[PDB]
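Undergrad: If you want the building blocks of each chain, they are given just below.
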Amino acid sequence: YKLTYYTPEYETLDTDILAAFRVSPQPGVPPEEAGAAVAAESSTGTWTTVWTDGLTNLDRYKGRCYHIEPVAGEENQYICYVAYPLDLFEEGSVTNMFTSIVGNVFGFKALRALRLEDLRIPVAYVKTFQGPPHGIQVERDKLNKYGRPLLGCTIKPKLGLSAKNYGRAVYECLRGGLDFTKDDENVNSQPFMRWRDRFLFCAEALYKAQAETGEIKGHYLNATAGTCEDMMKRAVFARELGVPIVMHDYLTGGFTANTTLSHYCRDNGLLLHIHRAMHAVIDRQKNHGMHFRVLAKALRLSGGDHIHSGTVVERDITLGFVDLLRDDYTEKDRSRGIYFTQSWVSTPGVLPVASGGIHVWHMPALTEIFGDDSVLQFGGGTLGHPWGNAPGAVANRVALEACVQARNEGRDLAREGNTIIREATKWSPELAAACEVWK
Amino acid sequence: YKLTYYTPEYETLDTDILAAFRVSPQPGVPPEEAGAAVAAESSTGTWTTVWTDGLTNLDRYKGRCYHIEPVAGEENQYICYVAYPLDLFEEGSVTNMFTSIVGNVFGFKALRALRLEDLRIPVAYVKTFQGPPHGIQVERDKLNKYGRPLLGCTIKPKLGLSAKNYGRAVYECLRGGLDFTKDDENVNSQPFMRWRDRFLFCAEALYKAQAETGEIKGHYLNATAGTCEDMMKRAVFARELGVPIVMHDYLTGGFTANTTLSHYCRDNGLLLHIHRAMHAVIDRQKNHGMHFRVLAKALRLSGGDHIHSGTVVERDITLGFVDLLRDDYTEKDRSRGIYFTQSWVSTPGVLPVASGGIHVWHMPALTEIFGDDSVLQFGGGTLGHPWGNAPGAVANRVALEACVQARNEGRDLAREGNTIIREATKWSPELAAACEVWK
Amino acid sequence: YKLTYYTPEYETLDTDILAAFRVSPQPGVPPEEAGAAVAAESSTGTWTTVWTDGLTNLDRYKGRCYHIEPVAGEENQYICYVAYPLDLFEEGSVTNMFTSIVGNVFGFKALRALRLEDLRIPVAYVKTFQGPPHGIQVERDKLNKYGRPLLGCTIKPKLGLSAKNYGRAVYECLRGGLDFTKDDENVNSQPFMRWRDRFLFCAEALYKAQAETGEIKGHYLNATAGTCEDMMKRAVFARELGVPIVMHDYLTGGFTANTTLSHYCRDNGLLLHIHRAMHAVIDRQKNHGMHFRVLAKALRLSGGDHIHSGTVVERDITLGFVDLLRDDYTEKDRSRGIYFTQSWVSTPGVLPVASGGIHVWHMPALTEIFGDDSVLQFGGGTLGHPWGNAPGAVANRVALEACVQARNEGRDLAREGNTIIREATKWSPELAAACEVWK
Amino acid sequence: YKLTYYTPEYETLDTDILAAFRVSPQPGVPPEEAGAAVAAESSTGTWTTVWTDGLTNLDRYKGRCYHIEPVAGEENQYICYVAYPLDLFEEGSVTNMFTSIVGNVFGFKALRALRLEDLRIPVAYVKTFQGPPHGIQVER
Amino acid sequence: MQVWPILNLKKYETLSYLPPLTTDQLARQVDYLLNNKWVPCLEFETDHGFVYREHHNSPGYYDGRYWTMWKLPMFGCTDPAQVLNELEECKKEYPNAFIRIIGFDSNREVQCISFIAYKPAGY
Amino acid sequence: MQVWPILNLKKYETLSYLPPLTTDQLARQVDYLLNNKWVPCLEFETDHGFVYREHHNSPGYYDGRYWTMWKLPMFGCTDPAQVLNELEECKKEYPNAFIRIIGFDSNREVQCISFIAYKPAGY
Ligand SMILES: [Mg+2]
Ligand SMILES: [Mg+2]
Ligand SMILES: [Mg+2]
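Chains as they are written, first to last, in the authors' numbering: chain M, 20 to 332, 338 to 463; chain M', 20 to 332, 338 to 463; chain N, 20 to 332, 338 to 463; chain L, 20 to 159; chain U, 1 to 123; chain T, 1 to 123. A prime marks a further copy of an entry chain.
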């Protein structure tokens with residue numbers, strides 16, 4: 020391998036798919052051989068010589084470890100850069116992109132562990148995908164919502180409520196000022212709440228709240244299912260109801276099904292909310308797996324309008345992949361975990377969704393860290409308010425707007441956040457009530 | 020949590036989905052709290068109290084850590100057993116089963132790492148799935164192949180050959196005595212070989228080989244694609260050609276798409292070969308992820324006739345999940361990594377596929393370890409033979425049959441394997457030729 | 020050829036397709052031979068004798084140059100009249116009509132240049148086509164608009180605006196008094212504005228303007244696409260929105276696709292606006308190509324309700345083909361470039377669309393030259409008004425109505441046009457404002 | 020136009036669709052203005068100012084005549100090179116590619132004649148098309 | 001810079017953007033029809049005189065296009081005073097109606113004219 | 001425990017849940033737009049100023065999103081007093097209208113701001 024696959028003189032082409040792998044070799048395996056193994060094992064590379072190789076020109080199809088750099092503060096760990104020719108991939112198939120790059124290497128004996136950190140998707144390959152059904156700017160225009168983060172509320176308990184009671188909670192949340200309500204990732208179709216009954220009661224609740232407030236509302240209707248057919252039946256009924264948004268667990272449903280749903284959403288005007296259930300099984304450990312930024316790029320290609328992206332409140341790593349989801353161009357920046365400069369050639373950005381144990385006191389921090397283009401999801405942060413859902417929703421909407429006003433006036437959210445919240449409690453009994461339960 | 024979720028007095032129900040998690044808590048977190056966290060975090064469990072919980076009976080929907088046992092020889096690591104009520108799951112949806120159990124917990128702060136080791140799927144839930152389109156016995160009857168492992172040959176190079184040259188290699192392999200040829204997991208549809216041209220040339224080659232030898236042949240036509248639609252178009256053309264088997268990368272394509280394909284295969288009589296590309300991203304590290312036996316049970320439910328399962332030549341761990349894929353009933357056996365007794369209530373077994381760097385000298389070991397019900401896949405082990413593919417195929421078929429005859433005569437493959445091979449080289453110039461290149 | 024194809028004694032049949040070609044022979048080629056070459060080369064005529072010709076009666080299938088006349092003031096240029104038998108053409112196929120007549124001759128070596136000036140389409144062939152989906156009178160009845168030219172406004176910039184901003188411009192234009200807004204010919208589906216988002220926002224804007232003014236409004240939604248399928252998907256969504264009119268670039272999309280769209284428009288009640296992008300590539304030079312009147316007849320057969328036809332403000341040539349698009353019968357008139365008398369046997373007329381750098385001061389001239397049955401398209405003439413689109417629209421609508429009133433009262437638009445406009449500025453601040461920016 | 024559309028300093032991007040036009044201007048029209056006319060007329064370029072232009076960044080959507088060279092042995096004829104941004108085109112639509120580039124310019128008054136000689140189709144745009152159903156090697 | 005009003009600015013097609021026509025301008029428009037050999041006819045609407053969609057929504061379908069005929073087309077009418085006299089008559093019976101003059105070209109066999117001749121109370 | 005009202009509680013998106021903005025707060029919001037190089041523009045609506053669905057029902061389609069432009073976007077505006085002066089002007093001509101301030105980011109080429117600046121009679 021060493022000879023054929025380690026090519027430090029290599030100049031990558033603008034059409035090459037580049038990969039940065041965090042390699043931990045078995046003791047006794049030098050870096051250059053490991054990098055050469057990673058490149059061979061994820062491309063051509065056969066344990067024995069075969070006569071058919073002479074039928075083609077294998078140099079044109081091989082992966083090439085073109086660069087290796089030690090990892091600081093780690094023992095026996097390197098970042099190996101591999102380049103894959105454009106011709107190895109099926110146009111528009113995230114499924115094939117992952118199979119080719121990540122389908123075989125991770126089990127290599129010579130490696131003790133392996134983690135894909137980033138991928139440079141070439142613009143020629145980016146153009147073969149649809150990308151987000153709508154994207155940030157189109158979504159804001161459709162919903163007629165500008166200059167502030169969007170607000171959502173996850174309905175709990177996830178299991179146990181009947182479809183109607185679930186819808187009642189949806190109405191009380193939306194009427195209070197939140198933009199969206201949401202189905203938990205686990206909520207598909209189960210004995211106590213079949214999908215159709217849920218869709219229907221959620222439709223009545225959201226239209227009631229929209230008519231009451233005058234503001235456009237939505238509920239992420241979970242379309243994740245066991246088969247493509249079942250998934251399509253759920254999305255089709257959403258279209259029938261005339262509602263704005265559906266949801267999909269892209270990792271558990273998978274890339275083939277997600278792409279299908281993404282295309283259907285584009286063709287029918289449905290916004291698509293993506294939940295990343297199961298991601299931690301893959302991206303958690305620093306030594307083995309795939310970093311979330313790689314899964315985030317994949318989703319932007321397959322397609323989704325929102326994508327769950329954590330909560331921060338490693339800030340920098342997170343902000344790094346937030347730029348990768350939202351912007352058209354992001355320059356290489358190791359301090360932010362960005363290994364390659366990435367261009368999107370006008371593929372729409374995806375709205376990052378912050379979630380998890382957040383409440384009113386995190387509002388100045390979330391607004392400051394994510395800015396306007398984000399969706400802030402509050403489950404217990406709304407359903408746990410002492411006066412109920414509507415007041416819980418009002419407290420969140422008021423705290424958010426107080427932060428946006430203050431920021432716009434030039435106040436520093438980092439330093440004055442708590443004060444901006446305290447100031448609003450003097451005129452918002454709902455917020456005052458929430459603040460008492462939380463900080 | 021401790022109070023609500025750690026229930027050591029709990030008697031599991033025969034309808035409960037049971038999970039065995041390998042838990043590594045953060046220092047300062049006692050086992051009982053961690054187990055209680057794992058159960059809460061993967062079921063109900065909210066960071067703050069919500070009024071809607073009083074609308075139902077949450078005890079009926081909660082996960083329950085009912086047992087905890089220390090891991091031997093590990094520091095701060097336990098196996099926590101969690102029970103999930105039947106009512107939490109959508110019938111026939113592996114996608115929902117994984118989302119519910121594995122969609123959220125792995126990211127819990129209090130846990131340093133987490134690995135799902137096994138799941139006891141209750142018979143009531145098993146009956147909601149189709150399972151394998153055909154299964155072991157039906158596949159043997161259809162192919163009219165009995166009393167020996169099946170033999171396959173993976174075509175290489177994976178990329179680079181034109182569709183016709185690829186088909187030429189397929190014919191030379193099959194005519195030599197192998198039962199199947201195979202598309203690499205990366206081979207879907209690419210610039211130098213579009214799927215339809217491949218399907219067509221592979222069809223001509225396999226029918227030519229079948230007419231020459233008189234034995235039924237097949238080629239695993241890869242139907243993995245970017246969308247459900249594209250995947251279905253490929254399977255439909257296979258049906259049109261009248262061929263016996265298609266292939267799918269179930270992890271990269273995903274569970275929703277796999278189930279769709281599995282149902283279509285059942286309805287059209289197609290055998291389904293499953294490749295586990297990307298599995299090592301998830302199942303490799305002992306401390307975090309999902310063990311392969313869990314992914315193997317999932318595949319048996321969603322559906323597949325063959326499933327890649329490694330190569331052995338931890339023997340025992342492997343044999344443990346081989347029984348889980350093939351048998352109707354497997355008793356709890358910690359020495360083999362079997363945490364729960366598992367019943368399948370007549371769901372057909374799946375044929376394990378051994379692959380990876382194997383050649384003639386491993387034949388006695390593979391036959392002995394896997395027995396008759398297995399598929400032995402030889403890439404370089406055939407395409408690397410000095411006289412070409414047909415002789416490479418004959419050498420493998422002869423070595424296998426020599427081993428089966430010897431075993432049937434009562435010889436010990438473990439102790440006499442090399443001798444049984446040496447004895448056959450005296451009358452098989454093809455095998456003699458292979459043996460010279462290998463041991 | 021001379022012998023077989025130059026037939027000056029020939030009496031054309033009423034079923035013959037007659038063609039007038041402007042022929043510029045190579046020096047040394049007499050007119051009669053060139054005319055004979057043009058007729059042979061566009062019909063039978065083979066460089067060598069073939070035995071199969073004796074299987075039929077080729078006299079019945081040959082093109083016949085029956086007349087030749089010198090072109091005045093030109094050196095070595097003639098008008099050759101060729102007659103083609105009815106039997107050469109596929110019923111209802113403009114595609115075949117053009118292939119047969121214009122598919123081969125233009126490259127003939129003996130010719131230095133060649134231009135098709137006109138075609139006499141026989142009534143028997145005219146009856147095989149659908150013609151306009153609706154036509155002039157039906158369109159006026161549907162829109163309930165009588166006694167004046169229709170007014171449109173092309174939205175600019177063509178690229179750059181988001182779908183919503185584009186729709187905002189559409190509403191401001193329509194509410195001011197214009198009947199239609201329009202998608203530029205380049206506007207199909209691009210990264211910053213996908214077709215569906217545009218269709219949807221344009222629908223909201225046009226319904227808002229219609230509800231405000233009480234007058235029926237429309238927006239030419241561009242359905243031109245890369246494939247028949249994509250084009251049909253766009254037209255189908257227009258039908259779904261219940262809007263009145265779609266648009267097609269008939270030359271770049273092509274005749275086969277245009278005819279398909281025309282038939283769909285007839286069956287679904289959609290008006291069809293035709294843009295002639297790329298026409299100048301073909302019709303510009305006097306010596307080679309096809310004159311626009313030929314492309315105009317083709318469109319009337321394939322089908323379209325509006326057709327872009329220039330701006331005049338060679339008047340006479342233009343008025344000549346305007347009659348060919350609108351009337352049921354037009355007599356031969358060389359002074360107007362009409363080489364053949366043309367009957368349409370009740371095929372509906374097409375509304376000519378004047379466009380290009382026009383503003384309020386051209387209003388009396390446009391009304392006088394085109395009369396009531398025309399559509400006057402104003403891009404910068406509206407979007408360039410100093411007070412914005414609505415006032416720009418009002419200024420145009422007022423100037424037009426002032427001209428219609430004046431004309432109806434018997435005033436001479438040719439001599440009093442500027443005065444009629446000046447008189448209206450005394451009571452229309454919007455028009456007064458436009459007049460200041462323009463003349 | 021001259022100012023906005025003739026950009027001799029321009030470095031074309033690998034994603035740009037490049038066009039080589041054989042331009043024959045009307046007498047009295049210098050090459051740089053004609054090239055600038057060809058680029059404007061086949062992209063943005065409006066006879067009068069419109070307020071909506073301020074809603075976007077038109078520099079990102081304009082065609083740019085980046086180079087002009089005289090034609091040898093011809094009187095008053097030049098090859099003008101125009102660059103069109105990738106964003107102007109619909110993926111996989113030859114119909115739209117031709118409409119955008121060739122749909123309007125050929126009729127420009129200031130031009131006596133115009134011929135499109137060649138186009139550099141960028142690889143990013145090439146990947147949006149299927150291309151030949153089979154092609155040479157597969158057919159053989 | 002003046003903003004085009006939004007309220008109560010409904011229009012009625014041809015000639016409705018010009019100041020209301022005087023009796024004399026009305027008389028000249030009607031003479032145009034006669035001189036062209038088009039037949040004058042009056043239409044009136046008491047309910048809403050603008051287009052709307054109540055009964056169907058497919059392309060080209062609108063409610064409110066047809067108004068109701070005042071008597072019959074005035075075939076063989078030679079004097080505009082005849083038409084204006086009916087306008088007066090219609091206005092007296094329907095002071096609350098929108099009344100427009102329409103004309104038919106029996107040669108092209110289509111309605112070819114339509115202009116608002118009277119609008120009620122502050123319209 | 002207080003119950004969130006049900007009647008007459010229509011909202012207008014961003015900043016509509018805060019107490020009405022004073023002239024000074026208005027001036028600071030407008031300075032934010034200028035400091036970001038966004039173009040201010042005013043929109044007003046005399047009829048209903050909330051979203052509804054009259055003409056179509058498919059996903060993402062709503063009526064009532066577009067209001068009507070007060071003059072033109074204020075390109076090259078450097079002083080908030082210019083904007084507030086138009087607000088005053090608009091309010092005088094349309095005391096019955098809902099008036100909001102919107103802004104355009106010609107760089108991202110999208111509308112990026114929208115907040116209620118004036119609401120009529122007890123709204
Ligand atoms: Mg959740
Ligand atoms: Mg493989
Ligand atoms: Mg145009």
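Hints may contain errors.
[What the hints assert, rightly or not] Listed below are the simulated EDC-like cross-link pairs for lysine to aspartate or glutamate, each with C-alpha atoms no more than 16 Å apart in a straight line:
id, chain 1, residue 1, chain 2, residue 2
1, M', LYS128, M, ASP286
2, M, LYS183, M', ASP160
3, N, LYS252, M, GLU338
4, U, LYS37, U, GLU109
5, M, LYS164, T, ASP105
In case anyone wonders, no lab produced these hints; they're calculated from the structure.
Undergrad: State for each hint whether it applies.
TA: Tested hints:
1. M':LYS128 <-> M:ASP286: Distance ~40 Å between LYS128 of chain M' and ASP286 of chain M Cα, so the pair is violated.
2. M:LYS183 <-> M':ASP160: Distance of about 51 Å is beyond 16 Å: violated.
3. N:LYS252 <-> M:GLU338: 46 Å, violated
4. U:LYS37 <-> U:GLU109: 12 Å, holds
5. M:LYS164 <-> T:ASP105: The hint holds at about 15 Å.
Hint check: violations occur at hints 1, 2 and 3; the rest are consistent with the structure.
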